[PDB]
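So this first bit is one chain, no partners, the form deposited without the partner chain, shown in structure tokens.
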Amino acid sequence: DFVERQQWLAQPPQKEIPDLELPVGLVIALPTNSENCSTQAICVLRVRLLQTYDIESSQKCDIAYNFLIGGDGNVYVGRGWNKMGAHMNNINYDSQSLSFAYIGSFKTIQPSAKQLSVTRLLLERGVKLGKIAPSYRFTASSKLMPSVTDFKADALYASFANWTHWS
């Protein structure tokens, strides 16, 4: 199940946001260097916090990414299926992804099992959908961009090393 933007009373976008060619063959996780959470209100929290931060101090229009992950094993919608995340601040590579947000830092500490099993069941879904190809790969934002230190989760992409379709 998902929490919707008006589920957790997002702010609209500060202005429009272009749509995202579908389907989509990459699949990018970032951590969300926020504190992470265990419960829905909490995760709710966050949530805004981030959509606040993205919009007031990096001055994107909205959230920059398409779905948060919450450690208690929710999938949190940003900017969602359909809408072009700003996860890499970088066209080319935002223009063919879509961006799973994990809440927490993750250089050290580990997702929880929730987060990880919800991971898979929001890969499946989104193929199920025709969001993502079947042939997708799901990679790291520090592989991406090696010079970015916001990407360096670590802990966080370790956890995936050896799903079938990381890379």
Second form
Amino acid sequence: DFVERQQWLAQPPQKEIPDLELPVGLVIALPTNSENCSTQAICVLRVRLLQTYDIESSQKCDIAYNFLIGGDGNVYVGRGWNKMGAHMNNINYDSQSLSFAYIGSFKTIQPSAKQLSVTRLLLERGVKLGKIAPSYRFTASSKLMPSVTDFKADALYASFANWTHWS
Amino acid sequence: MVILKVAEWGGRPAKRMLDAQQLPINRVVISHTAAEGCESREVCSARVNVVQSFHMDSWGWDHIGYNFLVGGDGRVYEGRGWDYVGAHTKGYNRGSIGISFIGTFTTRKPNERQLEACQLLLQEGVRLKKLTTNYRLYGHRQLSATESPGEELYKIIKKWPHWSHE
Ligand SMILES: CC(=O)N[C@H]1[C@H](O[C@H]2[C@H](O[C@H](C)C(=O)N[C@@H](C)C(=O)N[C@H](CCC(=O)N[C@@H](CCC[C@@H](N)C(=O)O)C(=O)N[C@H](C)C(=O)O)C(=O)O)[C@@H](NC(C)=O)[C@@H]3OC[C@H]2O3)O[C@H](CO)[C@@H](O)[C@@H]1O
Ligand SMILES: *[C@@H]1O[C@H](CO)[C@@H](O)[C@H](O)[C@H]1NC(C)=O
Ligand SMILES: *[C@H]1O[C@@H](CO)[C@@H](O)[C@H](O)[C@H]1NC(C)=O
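Mind sharing the form deposited with the partner chain bound? What's above is the form deposited without the partner chain.
Then the entire complex follows, led off by the chain already shown.
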């Protein structure tokens, strides 16, 4: 159910990446704005190509996200539980959160039921491992930075609107 | 020199019959895998299996795309071999041999054993008449829009006698 970096042909990070102070009180949802995927083989393609984009176009040290969730319902390991992401391009947020990126574009298209159910298991695993505070807030990247067009994903965020930890 | 056949590193056969090359070949294209390197038969075999899956399952190609790969253990991992057209350099697969260094060589050099393996592989190709005596060698980036084979690896092969900018 977790696809490790090695399984998606991850490039090793360019330089050292800072550790997060754990546990985090904030988990942030984002779209990848890539094409989506419904099988591990295609999700792997999506994630590996996003890593290149993030490193080579965005000049990040690594894929921008802690975890990525594919339409197949698998969790793709990005920077993982312990390393600071680069999802908000803002050190205040990035140093105090984990990011879950949803593989696809979700302005009008909804995530799959698999994507939503594994998010529950992923959040629970994080709480159990001491990575996420029991009283965490789960929120949309777009709520935090309304002006950022690439964070918009109305159909994704609407899917979490009734969850108890959602803000 | 060790060349491990597809079966010997635990890989799959081609999905269908591949196109054969006219021998001898006088173009070689050096790439890297842009994933993690490896220092042992076990780890390098693992890396090459993942590469094969990426090429056959994620891209949907008929086999691993390289003719050969070179591991940080100093072993050569057979892909399509000398006699078949690869899927490594678009527009240049026919009439070339694609060799990939296992790893990412953007800011780190390939290791002593990896470089030695590649030199021996090329000399073996000339000796067997798979390659011309005056074959031209290129970095992937000269033929395709890419970082491959990585700046540090590219700087090394640019000083090899067969290197060409034509
Ligand atoms: C750090 C780095 O090198 N990054 C590069 C990055 O490198 C990638 C990296 O790419 C490495 C360097 C590589 O060696 N890629 C080769 C396999 C590749 O994709 N080459 C394509 C050609 C593929 C090809 O020829 N496919 C056949 C498929 C044929 C299918 C079937 N007929 C068969 O024979 O099986 C084809 O289209 N042939 C036609 C007929 C032709 O020759 O005109 C090219 O450069 O044009 C990938 N690793 C592997 C192991 O595939 C992985 O995915 C993203 C990253 O990590 O590539 C992107 C472009 O996508 C570049 O912008 C980046 O700078
Ligand atoms: C991926 O996107 C396509 C096109 O919008 C859609 O039809 C398909 O159901 C999506 N696959 C998923 C979410 O698994
Ligand atoms: C909100 O989603 C509904 C379905 O759209 C309900 O099924 C559900 O009770 C609620 N989500 C949960 C379980 O928190």
